[PDB]
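First, one chain by itself: the form deposited in one PDB entry, in structure tokens.
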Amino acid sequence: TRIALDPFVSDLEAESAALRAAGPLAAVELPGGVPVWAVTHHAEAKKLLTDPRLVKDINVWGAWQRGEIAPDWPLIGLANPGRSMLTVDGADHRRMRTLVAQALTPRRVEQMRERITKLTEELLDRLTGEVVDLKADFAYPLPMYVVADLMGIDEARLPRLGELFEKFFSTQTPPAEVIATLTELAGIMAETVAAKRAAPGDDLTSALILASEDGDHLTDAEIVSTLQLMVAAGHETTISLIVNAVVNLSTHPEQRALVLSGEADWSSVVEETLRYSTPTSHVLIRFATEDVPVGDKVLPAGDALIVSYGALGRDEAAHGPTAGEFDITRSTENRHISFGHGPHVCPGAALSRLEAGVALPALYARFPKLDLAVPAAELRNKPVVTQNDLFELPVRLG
């Protein structure tokens, strides 16, 4: 009775309807035969996201301890990523979040507005021809230039950063390519941390060095880990938020009219795209330290849990009868949890909201008649089971 997630993501819409159907705790199978539970309703996901019995520590995974997981399993990098803020809980996690919150503040993000506006303008200036891949030519570079600038990375490095990002986020990248790419990126982060210790500035890296709580502060390895994790977590997710907003406005032309006329604000388009069409369909992975009641099922001790943000974004219990439709005018008594909830909540939420909030009005200001150059039906998801990412976004600029 276990929903196997399509690893080609041939039909996300149906799979998300199946996951919602299979009740708050759905038995699922991950690409490569690996069974896990998925929480697929909003209220139950919130309860589990704040339950300290659901931990990131892979030692708690019974299937893994019993060697029933192949060491070459394509998703192993997600299930078992090593030491970061991502994979700790309790006091160790709260220390990291406290120090990181001192550096990546709402103020620091808001102060990027003008730089993001200039980067957005420079990318729009390079758009030529009647039909473009808006993903490749606009959405894809923007978050790389922004995060490089936020982090204070030497602007001399940007031509190589584009090649390293491409290699790191590509399916096609080999094995000894993928690890040469990670090594070169960590070298750039280490060079940045050492440069900012020698010459502190107005950048996230400088702020991560300075952060402290009662004389406690991040180690170099913790700063480099944090910067790498933010690139990995923040790049393709922000791209897909911008892509999905353009796709949603293209396919709902009367709501496009409302925002372009100024009736509706762009923030309402961004928040509705996050709920209706989150870039992150599933997050791996949590493990129960004890049996955990979820509705009228039990999540057994040592079992795995993924959070199905994609499925639960359209939860009728949270958002009502229209949950299944894109409506930027909707009011919900329940804020979307597409950035997560509880201790592991996304620290980049303000930044990705600002990037999309600047990019989208800038794009429609340059090209207010822009539409899809191919029917909505021909857009295809990439073969990435956790993410809601398209191969391309063909648009007629007009």
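Heads up, when I say rigid core I mean the largest set of C-alphas that superpose within 1.5 Å between the two forms. Positions refer to the first chain, counted from 1. Residues that one form lacks are left out of the comparison. What changes on going to the form deposited in another entry:
- Of the residues checked (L119, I328, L227, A318), the rigid-core alignment between these two forms shows a Cα shift of at least 2 Å for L227 alone.
- The Cα shift for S261 between these two forms, taken after rigid core superposition, is smaller than 2 angstroms.
- Relative to the superposed core, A103 shifts its CA atom by 2 Å or more between these two forms.
- Once both forms are fitted on their core, the CA shift for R83 between these two forms remains under 2 Å.
- Displacement of the C-alpha atoms by 2 Å or more across three or more consecutive residues between these two forms, following core superposition, is confined to the runs 94-104, 147-228.
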Contents of the next structure:
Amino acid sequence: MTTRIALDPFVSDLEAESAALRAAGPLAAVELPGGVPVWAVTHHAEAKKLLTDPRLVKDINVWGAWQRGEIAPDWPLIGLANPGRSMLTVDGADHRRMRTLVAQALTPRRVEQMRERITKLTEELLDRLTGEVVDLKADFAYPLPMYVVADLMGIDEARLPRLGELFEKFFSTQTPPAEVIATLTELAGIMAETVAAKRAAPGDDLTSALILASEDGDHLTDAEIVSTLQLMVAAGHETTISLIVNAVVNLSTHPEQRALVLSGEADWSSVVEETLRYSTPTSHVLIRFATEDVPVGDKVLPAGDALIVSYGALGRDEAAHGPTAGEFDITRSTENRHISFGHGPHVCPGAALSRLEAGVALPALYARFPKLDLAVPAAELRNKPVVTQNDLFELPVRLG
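Same protein, the form deposited in another entry this time rather than the form deposited in one PDB entry?
Here we give the lone chain, stripped of any partners or molecules.
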């Protein structure tokens, strides 16, 4: 068998865990919180190969352990491992069917149309900051992407506080099993009430457009629209928030590079792209399954086994980025673009939106508060117990 790395449910030392995963790769055996063994791809080149390999599918019917009844229905990760049917959980024909309209709404041109609104919201959130020291996550980095995605999907703003409480339970490794299914049921309920509303009273949002497209069949069922809405709201906020948080942390801990960006010697896109490579919001993505045995390095991923993609660990792969891969350097040149938005047919359709949001938020923040810095030592920052995401509990900032 294998060396098997149990991922820390409390995310106490992500840097060490990522390094261990690289050391064990390209195909590392891991244990997910809750005791579930899977494989992880932890090197850049091998991940790109597996992300485009037709033997590595989203279809959970390929999962041996699932078919054998080994996966608890109240596993806290069950909402990531077995979400409702959407573009996320299919390949090929059905993937094109389920992705096309959403992806079309998020092209660079269509995102550029959102710039004014995103900019106005960014500036309003900066206007509302109160006190010398703020939790910049709760007061800025969290609300901007949640308001953007909620508006895109037709979600009533009045529901956002409750959605925030449900996502906290969805993501936490520490949510009691007895609360797991109820959280999933209530989240699905909010998305279903949103679909019902936009069917009755269609607007200019993407949910309204999905419904109006699927009227004369061949497009998405209501159940698929509900799952798609949950996928969009979750994917669109969780990650973008951590991108903005991690960019501020990285500039605060690398003040010589912050000085380059504030003086115009480096551009804000370089900060966003290096944050995505060095410190991706998404440490791991669940989940793919092998239809056949697949060689990965000197190991075999057996048919019916599962694969997570360890974007966090592979972002610092020295084979891809050279001997400085383990450092934050907005000036780097790499022969290999990061793959923190994925690769192959499932590559993130929201990448342009996330880049616009961070690309507006970060210069706006530092234009308002040029002297902003962490209000605590960087070593006091703490990851939330969210094994797939690189999310902090808070971002204490002295605004200046």
